[PDB]
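There is one chain below, alone, in structure tokens, taken in the form deposited in one PDB entry.
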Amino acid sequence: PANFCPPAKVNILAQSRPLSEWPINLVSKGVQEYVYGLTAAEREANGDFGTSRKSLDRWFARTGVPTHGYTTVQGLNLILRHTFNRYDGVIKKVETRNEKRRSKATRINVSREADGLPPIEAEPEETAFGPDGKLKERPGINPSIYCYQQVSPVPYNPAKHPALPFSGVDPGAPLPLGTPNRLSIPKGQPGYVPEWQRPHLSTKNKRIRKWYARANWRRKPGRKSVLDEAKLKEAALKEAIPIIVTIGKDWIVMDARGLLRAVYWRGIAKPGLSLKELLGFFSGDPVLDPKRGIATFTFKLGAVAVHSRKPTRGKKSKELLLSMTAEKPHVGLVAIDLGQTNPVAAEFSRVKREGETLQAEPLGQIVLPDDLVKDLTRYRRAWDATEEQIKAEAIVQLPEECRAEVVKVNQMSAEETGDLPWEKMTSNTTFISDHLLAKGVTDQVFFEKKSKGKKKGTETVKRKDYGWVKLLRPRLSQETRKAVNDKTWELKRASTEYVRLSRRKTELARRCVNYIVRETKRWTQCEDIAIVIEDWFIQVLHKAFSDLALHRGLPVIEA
């Protein structure tokens, strides 16, 4: 049963007025402002909003929230339900957290009762309501417009829609194709392929980029080409596939080419289809954010044959693979040892049925290719250069007195703090006290006198280590948050490089995962494969391999 609806983002070409001025946005803002800021008793009283016109009008009358001329029931229901759920999500968040503590207390009490000890006093339960009766953590207002059926997207038509510079194709007629034969474009016409590049051309079904794609003209260190954004925009607008959404007297027109690319690269619809069924592969309820100007369509339930799963654990893995190997005579495996001199190491195998036995025969062992590892290395050489500067010019923004606790105390870590290298870690060895007591007699500015060990041995002999190093100039953990974490984390989301490097990291991890999946498919000669993972690129690679259960439905075992 398919239950995944991946997004498909499209751009907005023309509007009437900014979406922040639309009545629907104003009503959403007002309802959110009212509902996030009233007490529990008032929320219980102000909870008769219902799902009907006769209830919506009375709720908007006795409360006093301005309706701004917006009276569509089907769009107001979504707003009100979302606002009340966001109000009642903080309460349940706190509730879950208190249950964590409650359970522990119950287990401790029952264990003490079994052992005869009296139950311990239960810790107070935290609550989201302060002395004023409101929530301490008030949810924020969202800039998101949710469309509904009466405002569903339809193909642009000058006979029923406002005139625009661009024109839309006949909805029934097949959608326009790209360049039929790009090798026939003459010199002096856009898209020309020069003679020398002709032998070097990809033979697979690569996605086709138009000449006006700004990825072909973007600012690069070694281009020396010129970017004229106006010419590219006017060339792109003449071949767009426009769709229109009209809410009340306002409207927006989008470029349906994002939907076309999404349906092409996913192998859902072959070239030559019309706009009517292109819009029919997605829901009629897009989501609009005014800040970007992007509409996030979601694929219709059934367009993508993906059944989302969750990573299994323990015996459930055995049940899952015993179920799988009964479906097909061949089942392929891959074991991931991430963190061995290379980002990924894969152990391929197959799974058979010896009646009720998981018989396995290895078919080899591979590592990631050199080019992919080169890409991963080039990412890290750029990440390190980013957290160099997110600290260098972030800790210098100093209040002239807070340096001692965080910044320069690290300088005295090498300054103020013989047998050992004095920096290389040598645990349990007496090399520290061997040289120290070579010029001293069982005495120093500090001692050990620590009951350390399983039996808490009174280790104080020769004053070995872990006491003098500790009382050497430490971090001291003083005013760490305000002077380090707050400043650095505030500047983390300000630079434009840090918001791109995380996406690049995710893309590279997904590239590694996709390569491993493709290789698995090839080596094991199977189309129903499985992944086992037992648990720096470690965290991101683990998340990327663990996201196949949800995004793509591939089973994943946690070991």
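Positions refer to the first chain, counted from 1. Heads up, when I say rigid core I mean the largest set of C-alphas that superpose within 1.5 Å between the two forms. What changes on going to the form deposited in another entry:
- When the two forms are overlaid on the rigid core, CA displacement between the two forms of 2 Å or more is confined, within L183, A404, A392, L227, to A404.
- Once both forms are fitted on their core, a CA shift of 2 Å or more is seen for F447 between the two forms.
- For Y466, a C-alpha deviation of 2 angstroms or more is recorded between the two forms after rigid-core alignment.
- Once the rigid core is used as the reference frame, the Cα position of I432 differs between the two forms by 2 Å or more.
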Second form
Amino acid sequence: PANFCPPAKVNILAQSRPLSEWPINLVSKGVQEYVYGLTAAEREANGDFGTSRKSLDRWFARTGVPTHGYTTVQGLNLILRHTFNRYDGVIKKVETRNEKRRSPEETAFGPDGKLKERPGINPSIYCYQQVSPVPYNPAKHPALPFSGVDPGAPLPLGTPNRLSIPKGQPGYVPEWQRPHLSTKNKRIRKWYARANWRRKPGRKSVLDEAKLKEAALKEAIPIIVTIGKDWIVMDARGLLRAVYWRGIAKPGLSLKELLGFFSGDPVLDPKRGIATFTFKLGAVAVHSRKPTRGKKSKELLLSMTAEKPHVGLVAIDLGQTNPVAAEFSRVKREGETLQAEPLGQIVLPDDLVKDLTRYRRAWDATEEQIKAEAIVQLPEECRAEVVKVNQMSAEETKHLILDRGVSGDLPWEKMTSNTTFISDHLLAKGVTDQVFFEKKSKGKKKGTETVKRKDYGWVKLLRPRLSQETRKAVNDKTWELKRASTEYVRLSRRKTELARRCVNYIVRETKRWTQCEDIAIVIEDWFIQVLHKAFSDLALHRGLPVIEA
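Given the form deposited in one PDB entry above, I would also like to look at the protein as it appears in the form deposited in another entry.
Keep in mind that what follows is only the chain, not its partners or any molecules around it.
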């Protein structure tokens, strides 16, 4: 049963007035600011808004929240059921911990009676059936400098005769590039794509955004959403690309049926200018599972092999010099036991490893350029303290132990952590009986083994408290300037993309090596966190079982 609905984002080409000034947005803001600032008794009393016109009108009558002229029942139910659920999300977040305590109780209501942690305003316009997107029609819709395609006529492709375009014209592939072109079904980029003109280290081209914008606008696929007397006009080529890369639609489809793979209830965020569409329940035939927790794997694979008589595995072994050391296998079903035959183990290829090691030199090179400039901008009283702490214990503890009078040359190098040589060199200058001791818990229930301290324990005790004076300057200004640089939010997405690239390569090699469409991924009981998250996400985004053995 298909139960996953991945998103598809489209751009906005025109709009009557900014989305923040629409009556629906103002009503949503008013309702949210009213609901978030009321107590539990007021929530129980003011919780009879219902799903009827006679009930919504009565609610807006007694509460007195401005209605801003918006009186649509379909679009108001979405606003009010979300807003009260957001309010009743503080209670259950705390109440989840309340039952953890049972397995002074925490309360989400403060002394004033209102929520201490109250939710912010959601800046979204959730569309409904009555404002569903429709193909742009110049006669029936406001006039725009755009061409509306025939809803039933076949949508055009890009440039069919790519090699026949003459010289001196857009899209002309030069002769010397002809011998080595691509042969796979590659996504076709038009000549006005910003990716082909973006500023680069050595691109040596001139980006005239005006001509690219005009050329892109002359060949758009306009669709229109009207709410009340307002409207927005979007570009549907994002939906076309979404249905093309997934293979669910072959070229030669119309605009009436292109919108037919997506739900007619988009979501609009005014700050960016993007409409987020969603596939219907069945467009992408993906059943979203969750990773298996051990003993359920020996039941999952039995049923998986009960359908396909040959299933392929992959043993993702994180934590080596190569991040992904895959180990393939194939399983057969005889009885209650599964029989496997290894096929071989590969490592992640060098080119992808090169991309990883060139990204890893872009994050450690920004965690310096951000953290250092966050440190330099502390107040002088905090800045001097943190600077002193940074250089603290470098030679301070060495000077202290020399003041103690021990021989400061035996533990010179590597400290021989196996033999806890700190205690040895304390014993050297007659400090054997002043050696501080540590308790051990070797016993199953308890244990009193207060004995010579280990080297790690010595390091813990000899080093000072470091930066506990503030703990809210270095740990706060850095995390505040993290969002002040767009490079960080770009690098997080780059890390996720690289992790997904590695996962995709491993999955396709598992399919190829095992010669089976049904495959499974097993993970045992840096890039480690992002790779584990990416490998676990296949059960939720693509349906491939993931096992934590």
